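Visitor: Take a look at the letters that make up each chain.
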Amino acid sequence: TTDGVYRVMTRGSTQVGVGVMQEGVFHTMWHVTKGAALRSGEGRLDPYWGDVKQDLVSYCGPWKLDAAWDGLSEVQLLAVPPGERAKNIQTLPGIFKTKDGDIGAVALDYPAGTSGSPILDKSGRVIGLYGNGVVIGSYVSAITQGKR
Amino acid sequence: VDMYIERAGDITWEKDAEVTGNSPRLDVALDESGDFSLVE
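These protein sequence lines are chains B and A, in that order. Residues 18 to 28, 32 to 156, 159 to 170 in the authors' numbering are what the first sequence lists, from first letter to last. For the second sequence, the authors' numbering assigns the number 49 to the initial residue and increments by one for each residue that follows.
Just so you know, the hints here were simulated from the structure itself, not pulled from any lab data. Just so you know, even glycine gets a beta-carbon here, dropped at the ideal spot from N, CA and C. Be a bit skeptical, because a hint or two may be false.
Listed below are the simulated DSBU-like cross-link pairs for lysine-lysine, each with C-alpha atoms no more than 30 Å apart in a straight line [as the list claims (entries may be wrong)]:
1. A:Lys-63 x B:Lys-169
2. B:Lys-73 x B:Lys-142
3. A:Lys-63 x B:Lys-54
4. B:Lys-142 x A:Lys-63
Under 8 Å between C-beta atoms, here's a sample of chain B residues computed to sit facing chain A [as the list claims (entries may be wrong)]:
5. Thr-19
6. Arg-24
7. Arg-59
8. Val-72
9. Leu-92
10. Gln-96
11. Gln-110
12. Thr-111
13. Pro-113
14. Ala-127
15. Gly-153
16. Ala-164
My request is simple: use the sequences and hints to build the entire structure.
Guide: This is the structure in structure tokens:
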């Protein structure tokens with residue numbers, strides 16, 4: 018329940037992704053959990069909302085994260101790679117241009133188990149999650167943000 | 049299959065962060081399965 022960034026683990033044990041606890045809601049990417057319930061201590065977190073097209077899912081309540089990249093400023097990926105301490109990587113996002121508008125994108129390539137790691141603005145707010153993207159042979163992740 | 053979560057840190061900006069990566073501008077489409085693809 019405590020606010021923070023979390024590893025998402027499966028069972032030996034393997035890290036399949038990352039997510040964000042904020043305001044009592046756990047936020048991660050659909051492709052990480054496929055909506056499955058999650059254990060947290062002796063408690064269980066049940067899915068509340070999800071959407072395959074956005075590649076997002078929330079647990080215990082509705083999606084709470086609503087900050088957005090300002091289009092000009094550097095951001096930080098708070099990467100939580102498997103087997104490694106949470107670390108911040110600063111970058112200037114590029115842009116995914118789509119028929120429905122532009123999306124920030126980060127040209128950073130971390131292990132798959134890093135999917136769900138939060139991208140932060142200078143104020144410390146989560147502007148989206150890392151791990152849904154495209155290849156150009160370097161991977162580029164959208165900054166994926168839901169709707170509050 | 050037991051899926052479980054472990055806290056790994058606070059959500060905080062770090063003043064001493066490594067800085068890397070480019071800023072490409074790409075045309076993409078997003079399909080119904082949530083898959084991004086490049087467009088030309």
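Visitor: Please go over all the hints and tell whether each is borne out by the structure.
Guide: Right, here's what the structure says about each hint:
| no. | hint | verdict |
| --- | --- | --- |
| 1 | A:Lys-63 x B:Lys-169 | holds (29 Å) |
| 2 | B:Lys-73 x B:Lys-142 | holds (28 Å) |
| 3 | A:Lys-63 x B:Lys-54 | violated (35 Å) |
| 4 | B:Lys-142 x A:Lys-63 | holds (10 Å) |
| 5 | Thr-19 | holds (6 Å) |
| 6 | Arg-24 | holds (5 Å) |
| 7 | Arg-59 | holds (4 Å) |
| 8 | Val-72 | holds (5 Å) |
| 9 | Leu-92 | violated (11 Å) |
| 10 | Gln-96 | holds (6 Å) |
| 11 | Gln-110 | holds (4 Å) |
| 12 | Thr-111 | holds (4 Å) |
| 13 | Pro-113 | holds (6 Å) |
| 14 | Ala-127 | holds (5 Å) |
| 15 | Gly-153 | holds (6 Å) |
| 16 | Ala-164 | holds (7 Å) |
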